[PDB]
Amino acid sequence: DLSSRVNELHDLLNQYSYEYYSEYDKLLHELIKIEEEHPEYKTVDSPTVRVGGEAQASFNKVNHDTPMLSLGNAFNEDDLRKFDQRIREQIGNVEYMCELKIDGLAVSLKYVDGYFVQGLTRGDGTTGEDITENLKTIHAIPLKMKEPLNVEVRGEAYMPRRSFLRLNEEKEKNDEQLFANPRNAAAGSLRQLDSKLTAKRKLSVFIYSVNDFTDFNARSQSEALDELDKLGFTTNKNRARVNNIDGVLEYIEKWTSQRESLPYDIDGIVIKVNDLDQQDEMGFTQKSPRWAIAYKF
């Protein structure tokens, strides 16, 4: 009874993915062998893609459906008070969403009818490289979302510091060039031409936004991040909605001292106007949003 067993195997495998991230091993090998004798039982979201595959990703250059955002920077309290004053003068009272800027490989993941179908590096923000097969090996990326949306979700892929060090340990022993940091270890593992090598590296992802909110019920950035969780994605819960710029400054103070302490590196904090109508209202200047800014440590 292959139908029941394939459905069973998908449930068991996808649950491993939603969990942690070698019953697993044997289960995966059983589904692979089913798909070899019955290629018609391979669905677009089959979990056998987690192992990597024979197809080498292209690294073809592809434009994102929508260019990713290009953020201005802030370097001090004065930069942030000016940011918030520009906002308050233009459109009045706002709340802010504050989040940690993960030091990893930025990617955009394209979903069509809720299936994961293309993953690109952020590249220059307009054009990225296609590493779809490599990204499918990350358990924390859902192969099918919980609603059948057509959206590009934007994330950062990273390697935990502990696994980066174990990888450098193996380079140290082979006296190869070491990765300078966990960021380069993620980017390097995701840009392998053999996605089977990628599969064997320890990678995860945090999702931080989407290209288009049309089909979301969310009215604010904090609410959209909760909606992304509900749809199946992994988001970073160190984010916080705050009421004002004093709240931003207090979030920055707290995280500044803690920037070495998490399992992954971070390179600053991103602050956005929370309400989505208010983002639209604030607009862009010189091709960068007037309602978002990246604070650099």
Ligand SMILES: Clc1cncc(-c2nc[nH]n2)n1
The other form holds:
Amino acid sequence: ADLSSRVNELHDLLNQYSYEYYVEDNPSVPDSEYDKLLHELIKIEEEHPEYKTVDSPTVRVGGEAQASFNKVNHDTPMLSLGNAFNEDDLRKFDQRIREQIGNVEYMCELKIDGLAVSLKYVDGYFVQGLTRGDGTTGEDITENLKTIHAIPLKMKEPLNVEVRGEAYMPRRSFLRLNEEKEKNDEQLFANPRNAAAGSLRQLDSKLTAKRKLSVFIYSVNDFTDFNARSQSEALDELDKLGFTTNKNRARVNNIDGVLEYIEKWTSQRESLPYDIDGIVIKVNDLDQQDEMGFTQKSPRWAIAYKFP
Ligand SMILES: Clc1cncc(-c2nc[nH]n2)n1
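Write the structure block of the form solved in complex with the ligand for the protein whose form deposited without the ligand appears above.
Below: every chain and molecule of the assembly, starting with the one above.
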């Protein structure tokens, strides 16, 4: 039967609703509506499997295909950040930069206590999701990562990029998960990060699907097809491309602003719906980052402040 009108309409609505619920946290429709439409599409695809697509909303429920866990090199190795533990560390960081390249703007972001991941897009389609591993070689968990609504299955523009993000379990879902384990005398997860790890390490993407995971994307391997001239522009651009980014980022003019940001988030981190382990500070301008270069191990243009 030619079901293309209804299939397309279901794709449109479920994509809208998923984005509203999981990326914006702003539903327009009750869960009963989402569930109803998803169920209808699932039945359409069961009875008319020619309508299945690689980026169908039904992908989010997981499938029979198992994540290979194969060792796979990232297109581009993921960076390792140096750490800061106090103000003096940050003043040193700032001083090294300003002595070499002049005064800079800084991008400040929350360091999500998650599983670092790389998400590879080809022609705008999500085609590979790897754990960070050793920074060069990770494990292929693509099939599990596809169940996370916050990871777009298809971007707004058909780019070939490898984005970098942190996958995580929101705290309240972690806690309610542990309530469920307590009721069934199971060993509780130690924390949200361990729960996210356990969930992504399943062989069964259908289990991963029912766990409440999300992501925040913080960079990309290659800026060639980005118009961004800065990290802050780049994140805005990722937003416009369809990715999930952290809205608590801020551009600050100087190291005083950086300290202010850390002072703010030290007090407010308690109220966030996910765990963070620090604050990442980057020279904002992309050309300036390039100018600062890398040590043998780490960017000279970025630092991870770690909470006590
Ligand atoms: Cl380059 C890098 C490495 N690890 C984390 C981050 C990050 N995390 C949040 N924003 N940026 N960036």
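Numbering follows the first chain given and starts at 1. Superpose the two forms; the largest set of C-alphas matching within 1.5 Å is the rigid core.
After superposing on the rigid core, which residue out of 29, 230, 61, 241 has its C-alpha displaced by 2 Å or more between the two forms?
Among the listed residues, the one whose C-alpha moves by 2 Å or more is 29.
Displaced residue check between the two forms: residue 41, CA, 2 Å or over, core reference
Yes, its C-alpha moves 2 Å or more.
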